[PDB]
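Peer 1: If you want the building blocks of each chain, they are given just below.
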Amino acid sequence: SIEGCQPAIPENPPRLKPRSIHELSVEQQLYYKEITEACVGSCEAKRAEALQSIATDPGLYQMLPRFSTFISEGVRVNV
Amino acid sequence: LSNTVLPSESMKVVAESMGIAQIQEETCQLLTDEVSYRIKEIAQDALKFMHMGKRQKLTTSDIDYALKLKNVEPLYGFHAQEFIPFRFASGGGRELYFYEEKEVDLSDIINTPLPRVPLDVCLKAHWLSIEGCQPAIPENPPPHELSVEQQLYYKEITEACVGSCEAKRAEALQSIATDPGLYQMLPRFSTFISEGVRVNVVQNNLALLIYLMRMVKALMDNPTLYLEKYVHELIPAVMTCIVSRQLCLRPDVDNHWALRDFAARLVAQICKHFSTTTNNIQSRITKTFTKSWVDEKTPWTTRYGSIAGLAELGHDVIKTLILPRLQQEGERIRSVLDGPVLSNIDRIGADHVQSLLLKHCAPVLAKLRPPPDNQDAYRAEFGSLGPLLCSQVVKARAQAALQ
Amino acid sequence: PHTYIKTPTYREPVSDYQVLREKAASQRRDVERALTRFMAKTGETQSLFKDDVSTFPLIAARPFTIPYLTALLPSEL
Amino acid sequence: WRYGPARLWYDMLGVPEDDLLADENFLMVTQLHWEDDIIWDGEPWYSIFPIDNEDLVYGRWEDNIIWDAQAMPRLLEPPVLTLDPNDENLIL
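Read top to bottom, the protein sequences are chains F, f, H and A. Count the first sequence with the authors' numbering and you get residues 137 to 150, 207 to 271, in order. Count the second sequence with the authors' numbering and you get residues 9 to 151, 214 to 473, in order. Each number in the authors' numbering comes from the position in the third sequence (counting from 1) with 155 added on. Count the fourth sequence with the authors' numbering and you get residues 341 to 358, 395 to 419, 463 to 511, in order.
Please note that a few of the clues may not be correct.
[What the hints assert, rightly or not] Below, a list of computed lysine-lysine pairs in the DSBU-like style, where the Cα atoms sit at most 30 angstroms apart:
#1 H:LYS161 x F:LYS238
#2 f:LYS225 x F:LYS209
#3 H:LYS178 x f:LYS299
[Said to hold, decoys possible] Across the chosen pairs, the derived CB separations fall in these ranges:
#4 A:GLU473 x F:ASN270: 30 to 40 angstroms
#5 F:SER245 x f:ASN444: 57 to 67 angstroms
#6 H:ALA226 x f:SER137: 52 to 62 angstroms
#7 H:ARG184 x f:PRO143: 52 to 62 angstroms
#8 F:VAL267 x A:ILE510: 34 to 44 angstroms
#9 f:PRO457 x A:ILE510: 57 to 67 angstroms
#10 f:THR68 x A:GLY344: 32 to 42 angstroms
[As the list claims (entries may be wrong)] Counterexamples of contact, computed for chain f against chain H with all Cβ distances above 12 angstroms:
#11 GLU103
#12 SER234
#13 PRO250
#14 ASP443
If you are wondering where the hints come from, they were derived from the structure by calculation, not from laboratory data. Using N, Cα and C, we set each Cβ at its ideal position, and we do this for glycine too.
Just chain F, same shape as in the assembly:
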């Protein structure tokens, strides 16, 4: 517990309408930007960590549409 909240580390188990917010946080959106800019392989150690981070982040759901779309769209404009 960090001041009451359980962290998601691998040692732990798990009329105008209002202006809406994106369903990702800005830490999560910054994480997505860093992982995608590391996974385009400018540096190899950066890639390898980003690949391990993708391979074992438990909270990588609810970001997965944006990763699948980045993959799919990328291969089609990368061929």
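Following the hints, position chains f, H and A against chain F.
Peer 2: Same frame as chain F, but now just chains f, H and A:
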């Protein structure tokens, strides 16, 4: 509940208008049970002129006909147009109410504007019920802001697509499809279209629904305006034009069938251009079509709409949705080659469903079978889908020859 | 931060007077062009050039029975 | 709102106040010929990406579709407008 009379303190006030200084309380009780007895005998005899002369209002000429009946002298001055005014006087201990009458100069009654002359009693005949329910003749009871430029443009464009003539409609649809600045009028068009498709339930007008579907098809072809923010309104309108059961006023002769395949092509386009993995438009449209098709008790019109939309989505959809329930064709041909009631409407809709099914399943049979197809029809349901598949293979060979 | 840090995020707001003037101007010009082409196509039309309905269509001049009422009277008040 | 967008409809009406159903079967990997897509010899403080329509993504719009209609007993009268400001291209 009890005998209600005028109050005894109302007779002490009256007795001092007379000049009687002290009146004892047994005399005041003797006065008020007599005057409230004579009020109830003119209240109930005025009601006999309100009922026999059929009025249900109790005008003041009813009381004057009853005072004339009890021989008592009439009350003068109660036929003029007045009301009930009262004026409170507070005073130094004497609380009362009075009239506060007003005056008027005599020459302003000699020079008043005269009312209009009355009409004489005449008779009028009209039918109230004609062998049944009442006719709808008028003698019976009945049963952020757009600028003026674009307000006028909205009015002219919407009234051009209601059906006065076809040429103004074609120019209005060619305006909607090919203008650059029609944003700020897209929510009005979406509201107009969705409410107009809703108004089909009060009046089953096939023609106005065809006009609204051509309005949606013209809105989709506009390159400048983006319908992503308003597609949640246009999807159920086209869906209502697809899977509703009464699309016609006369079900047998109206070709609701075309507003079916036109709106099915429209919804295939609306989920080709706009389906994103965040949207889940196409999966949620296929799920509604699928649970409307697989579920029994659904009418042949709504099953026709479901099959039409599912078959306009593409080839893999009819591979994995239509082809498992091909045995349902047997359940259809139960009511076609036999069918106890022949003169019902369940035959034209059934063989329309059959024709659409075998037309769309002929290229699917041409994709996933051998080239020979000797007795595929016999292996197929009813042996007809297989004949259609043979015709489709022949058509494909003809297309290859043309190429 | 991803383990436990959450901040809401909003869409990029365009508060620029230049592009807002441009957007309102171009939308007004486009809706009035669409309105006048629709009204010239679904009615009687004139033309400055011989047989010119696609490019520059003019709504035809109709006479009024009482012209001062449509001239002098204000419409927005 | 009787006088708002759809006033024409309101006036015409005359209302004056004021196992094959398993979820996987429907996933589009099992219902789409995605093979055709494979290219055969082709020849963040503010959001990085667009915010989707919450009503389409979340709401049950399916509840505005009609099971039965012209032969049914329900009624309608004037309804409001809202003007979502999330959409760009709207001046206000």
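Peer 1: Between the alpha carbons of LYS161 (chain H) and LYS238 (chain F), is the straight-line distance 30 angstroms or under?
Peer 2: The hint holds at about 24 angstroms.
Peer 1: So does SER245 (chain F) sit 57 to 67 angstroms from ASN444 (chain f), Cβ to Cβ?
Peer 2: At 59 angstroms between Cβs, range holds.
Peer 1: Taking the closest pair, is the beta carbon of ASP443 (chain f) still more than 12 angstroms from chain H?
Peer 2: The claim stands: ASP443 (chain f) keeps its Cβ more than 12 angstroms from every Cβ of chain H (closest is about 52 angstroms).
Peer 1: Compute the least Cβ-Cβ separation between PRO250 (chain f) and chain H, then decide whether it is above 12 angstroms.
Peer 2: violated, 4 angstroms
Peer 1: Mind checking the hinted window 52 to 62 angstroms against the Cβ distance between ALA226 (chain H) and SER137 (chain f)?
Peer 2: Roughly 55 angstroms apart at Cβ, these two residues keep to the hinted range, so it holds.
Peer 1: For the range 34 to 44 angstroms, tell me whether the beta carbons of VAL267 (chain F) and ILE510 (chain A) fit it or not.
Peer 2: Check passed, 39 angstroms falls within 34 to 44 angstroms.
Peer 1: Lying within 32 to 42 angstroms: is that true of the beta-carbon distance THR68 (chain f) to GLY344 (chain A)?
Peer 2: Violated, since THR68 (chain f) and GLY344 (chain A) (Cβ atoms, about 49 angstroms apart) do not stay within the stated range.
Peer 1: Return holds or violated for the Cβ distance of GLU473 (chain A) and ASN270 (chain F) against the range 30 to 40 angstroms.
Peer 2: The hinted range 30 to 40 angstroms holds for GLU473 (chain A) and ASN270 (chain F), with Cβ atoms some 32 angstroms apart.
Peer 1: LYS225 (chain f) and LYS209 (chain F): Cα distance at most 30 angstroms?
Peer 2: Holds, because 27 angstroms separates the two Cα atoms, which is no more than 30 angstroms.
Peer 1: Assess, step by step, whether the Cα of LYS178 (chain H) is no farther than 30 angstroms from the Cα of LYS299 (chain f), and give holds or violated.
Peer 2: holds, 18 angstroms
Peer 1: Could you let me know if the closest chain H CB is still more than 12 angstroms away from the CB of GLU103 (chain f)?
Peer 2: Consistent with the label, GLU103 (chain f) stays out of reach of chain H, its closest Cβ about 53 angstroms off (over 12 angstroms).
Peer 1: Just want to verify: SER234 (chain f) was marked as not at the interface with chain H; is every Cβ pair farther apart than 12 angstroms?
Peer 2: Since the minimum Cβ distance to chain H is about 9 angstroms, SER234 (chain f) lies within 12 angstroms and the statement is violated.
In summary, the numbered hints that this structure violates are 10, 12 and 13.
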